[PDB]
Amino acid sequence: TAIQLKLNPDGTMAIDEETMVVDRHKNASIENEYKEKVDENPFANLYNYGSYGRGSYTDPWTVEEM
Amino acid sequence: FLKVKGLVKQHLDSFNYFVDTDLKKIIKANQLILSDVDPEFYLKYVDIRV
DNA sequence: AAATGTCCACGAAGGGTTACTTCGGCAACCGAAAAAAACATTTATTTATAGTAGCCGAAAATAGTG
DNA sequence: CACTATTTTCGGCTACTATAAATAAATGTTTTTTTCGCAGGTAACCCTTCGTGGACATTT
RNA sequence: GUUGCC
Numbered sequence: 360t361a362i363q364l365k366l367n368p369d370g371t372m373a374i375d376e377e378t379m380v381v382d383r384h385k386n387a388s389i390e391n392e393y394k395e396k397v398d399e400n401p402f403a404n405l406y407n408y409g410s411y412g413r414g415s416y417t418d419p420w421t422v423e424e425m
Numbered sequence: 051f052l053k054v055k056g057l058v059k060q061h062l063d064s065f066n067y068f069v070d071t072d073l074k075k076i077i078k079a080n081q082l083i084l085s086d087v088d089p090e091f092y093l094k095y096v097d098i099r100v
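Line by line, the protein sequences are chains W and B. For reference, each letter of the first sequence is one residue, going 360 to 425 in the authors' numbering. For reference, each letter of the second sequence is one residue, going 51 to 100 in the authors' numbering.
Just so you know, the hints here were simulated from the structure itself, not pulled from any lab data. Some hints could be false.
No more than 27 Å apart at the CA atoms, straight line, and that leaves these computed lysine-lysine pairs for DSSO-like [claimed, not checked]: (1) B/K78 <-> W/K385; (2) B/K55 <-> W/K396; (3) W/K394 <-> B/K94; (4) B/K75 <-> B/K53.
Residues from chain B shown here face chain W by an in silico Cβ test under 10 Å; the list is partial [to be verified]: (5) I83; (6) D86; (7) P89; (8) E90; (9) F91; (10) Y92.
Note that beta-carbon positions come from the ideal geometry of N, C-alpha and C, so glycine has one too.
Work out the full structure: start from the sequences and follow the hints.
See below:
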């Protein structure tokens, strides 16, 4: 995303005024288009006391590990 | 003329034009609020109902 | 000499500038920004409880198909 | 009538949850101070400039 | 304080 110029027959060695600035959203919109779309069911978001608290499920130990 | 088109003609037939058609033409003119910080976040409005 | 060259001040004309437009009565109703400072939490480690709560999960069990 | 087929359910296993108490260290969050924000309606009436003529001055 | 009306 460096600056780009071109060579006109009228004015040679002229630099593009639109490449001087960057949009900072076209790059973000490419990946956001290529994300999965899902329809939110307001029942799915349910939350309890076991929410937003660190700690997870430990994978139980095997005798090969012992 | 007054049976189907009454006495309050100017007051109701403008508000009935507002709620059905005139609201979609406003969300389509102020859509896609953006944040320059964290540029991949966008809220856009698809329709509006009352 | 004297006539013209010049310089000077009062007045003329218009220039934009500033306080102006009843008398009653009833209802009401309403700067920001860096720095300095203080101080709680997270950071462990116990070591005793019961409760959620999650994830599993296997095995108890009624049920679904041939 | 019977081995399935997924389910129902316990079930034990684990992971936090206040509790007091030590640092020592680091972090993260918020008042209290000390301190400069860029062009590079009508009518007097007083106000200003235009104009015009005043006498000194200096040349002829 | 602000509007409405006679």
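(request) Please work out if W/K394 and B/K94 have their alpha carbons no farther apart than 27 Å. (result) holds, 16 Å
(message) Restraint: B/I83 near chain W, CB-CB cut 10 Å. Satisfied or not?
(response) violated, 13 Å
(request) Mind checking the alpha carbons of B/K78 and W/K385 for me, to see if they're no more than 27 Å apart? (result) Holds, at about 21 Å.
(message) For the restraint on B/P89, tell me whether the closest CB of chain W is nearer than 10 Å.
(response) At about 5 Å, which falls below the 10 Å cut-off, the nearest Cβ of chain W leaves the hint on B/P89 intact, so it holds.
(request) Hold the hint about B/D86 up to the distance rule: shortest CB distance to chain W must be less than 10 Å. (result) Result: holds, 7 Å to nearest chain W Cβ.
(message) B/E90 was flagged as interface toward chain W. Is the shortest Cβ-Cβ separation under 10 Å?
(response) Holds - the Cβ of B/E90 comes within 10 Å of chain W, reaching about 4 Å at its closest.
(message) Please check whether B/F91 passes as an interface residue: C-beta within 10 Å of a C-beta belonging to chain W.
(response) Holds: closest Cβ of chain W sits about 9 Å from B/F91, inside 10 Å.
(request) Starting from B/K55, check that the Cα of W/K396 is at most 27 Å away, please. (result) violated, 47 Å
(message) So, as I understand it, the hint says B/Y92 touches chain W; can you test that by seeing if any CB pair is closer than 10 Å?
(response) B/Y92 check passes; min Cβ-Cβ to chain W is 8 Å, inside 10 Å.
(message) Would the hint linking B/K75 and B/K53 be met if the CA-CA limit is 27 Å?
(response) Measuring from Cα to Cα gives roughly 32 Å; hence the hint is violated.
Of the numbered hints listed earlier, those contradicted by the structure are 2, 4, 5.
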